[PDB]
Amino acid sequence: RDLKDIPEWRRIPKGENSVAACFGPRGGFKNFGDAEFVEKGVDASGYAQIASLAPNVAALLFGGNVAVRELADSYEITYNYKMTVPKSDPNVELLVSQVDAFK
Amino acid sequence: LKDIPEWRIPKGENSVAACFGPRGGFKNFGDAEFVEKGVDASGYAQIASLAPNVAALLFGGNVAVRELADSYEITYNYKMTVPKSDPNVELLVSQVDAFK
Numbered sequence: 001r002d003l004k005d006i007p008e009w010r011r012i013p014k015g016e017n018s019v020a021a022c023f024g025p026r027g028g029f030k031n032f033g034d035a036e037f038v039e040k041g042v043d044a045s046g047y048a049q050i051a052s053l054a055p056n057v058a059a060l061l062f063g064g065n066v067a068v069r070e071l072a073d074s075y076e077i078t079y080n081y082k083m084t085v086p087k088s089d090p091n092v093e094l095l096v097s098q099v100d101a102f103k
Numbered sequence: 003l004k005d006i007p008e009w011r012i013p014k015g016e017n018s019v020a021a022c023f024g025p026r027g028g029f030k031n032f033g034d035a036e037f038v039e040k041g042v043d044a045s046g047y048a049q050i051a052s053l054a055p056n057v058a059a060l061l062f063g064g065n066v067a068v069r070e071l072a073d074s075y076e077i078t079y080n081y082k083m084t085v086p087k088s089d090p091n092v093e094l095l096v097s098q099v100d101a102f103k
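Protein sequences appear in the order of chains A and D. Note that the entry's author numbering gives residue 54 to position 54 of the first sequence, counting from 1, and the numbers run on in steps of one. Numbering (the entry's author numbering) for the second sequence: 3 to 9, 11 to 103.
These aren't lab readings, by the way, just hints derived from the structure by calculation. The reader is advised that the hints may include incorrect statements.
Taking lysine to any residue and the SDA-like style, the derived pairs with C-alpha atoms no more than 25 angstroms apart in a straight line are [unchecked claim]:
no. : chain 1 : residue 1 : chain 2 : residue 2
1   : D       : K103      : D       : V38
2   : D       : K40       : D       : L3
3   : D       : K82       : A       : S88
4   : A       : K14       : D       : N80
5   : A       : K82       : D       : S52
Listed next, with one range per pair, are the computed distances between beta-carbon atoms [said to hold, decoys possible]:
no. : chain 1 : residue 1 : chain 2 : residue 2 : range
6   : D       : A72       : A       : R69       : 30 to 38 angstroms
7   : D       : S74       : A       : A51       : 13 to 21 angstroms
8   : A       : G46       : D       : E8        : 21 to 29 angstroms
9   : D       : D43       : A       : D34       : 36 to 44 angstroms
Beta carbons: idealized from backbone N, C-alpha and C, even for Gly.
Could you build all of it, start to finish, from the sequences and the hints given here?
This is how it looks when you write it as structure tokens:
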């Protein structure tokens, strides 16, 4: 298979084809991840803890907003999923400290 | 269910309404049979092929954080474009804002 065959929403960054190859540079929108997560992807120290604070597909569809804009040849879907984690959670900061890390 | 972080798998007894509440302006996805059968609904696996995994959610979309006194409010914003040639995009699109 080839990374170009896999659509972006199904990619998993790992090894040779990691975040830069899957999602492009960090930026204002794609803002999560410091230098070491950008390079190791799901292998970065802390990822598994972080990933526990992100919704599965069933929660994405039923527990958040799904919005559609129809184009000529396509549909553009935007998922907007909000959630609250108590500061007593042992993994919240790991996530937060990775937001907007690009410097 | 009260000890399962909402962000839960809806099936039979504990389905959409119990996990995520009624459909509304924000939680706007799902028709009468999807609200009732949850992940058991006809077509769910097809809709599901057009929704991102966690690694794609964290690295391929926007992550926003608002700090409160005793919690953080996290917001994921994931954009994606599906070709109309995909056999499942209406299956999905027809479920958007389904409530009537």
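Here is how each hint holds up against the structure:
Of the supplied pair hints, the one linking D/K103 and D/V38 holds, its CA atoms being roughly 12 angstroms apart against a limit of 25 angstroms. For a cut-off of 25 angstroms, the pair hint linking D/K40 to D/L3 stands: about 17 angstroms separates their Cα positions. Annotation: proposed proximity of D/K82 to A/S88 is violated, straight-line Cα distance about 31 angstroms (limit 25 angstroms). Restraint check: the Cα-Cα separation between A/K14 and D/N80 comes to about 22 angstroms, which is no more than 25 angstroms; the hinted pair holds.
A C-alpha spacing of about 21 angstroms is found between A/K82 and D/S52, which places the hinted pair at or below 25 angstroms, so the restraint holds. The beta-carbon spacing between D/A72 and A/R69, approximately 37 angstroms, falls within the hinted interval of 30 to 38 angstroms. The beta-carbon spacing between D/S74 and A/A51, approximately 19 angstroms, falls within the hinted interval of 13 to 21 angstroms. Range check, A/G46 to D/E8: Cβ separation about 22 angstroms, and the 21 to 29 angstroms hint holds.
Judged by the Cβ atoms, the range 36 to 44 angstroms given for D/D43 and A/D34 holds: they are separated by roughly 40 angstroms.
Consistency with the previously given hints fails for number 3 only.
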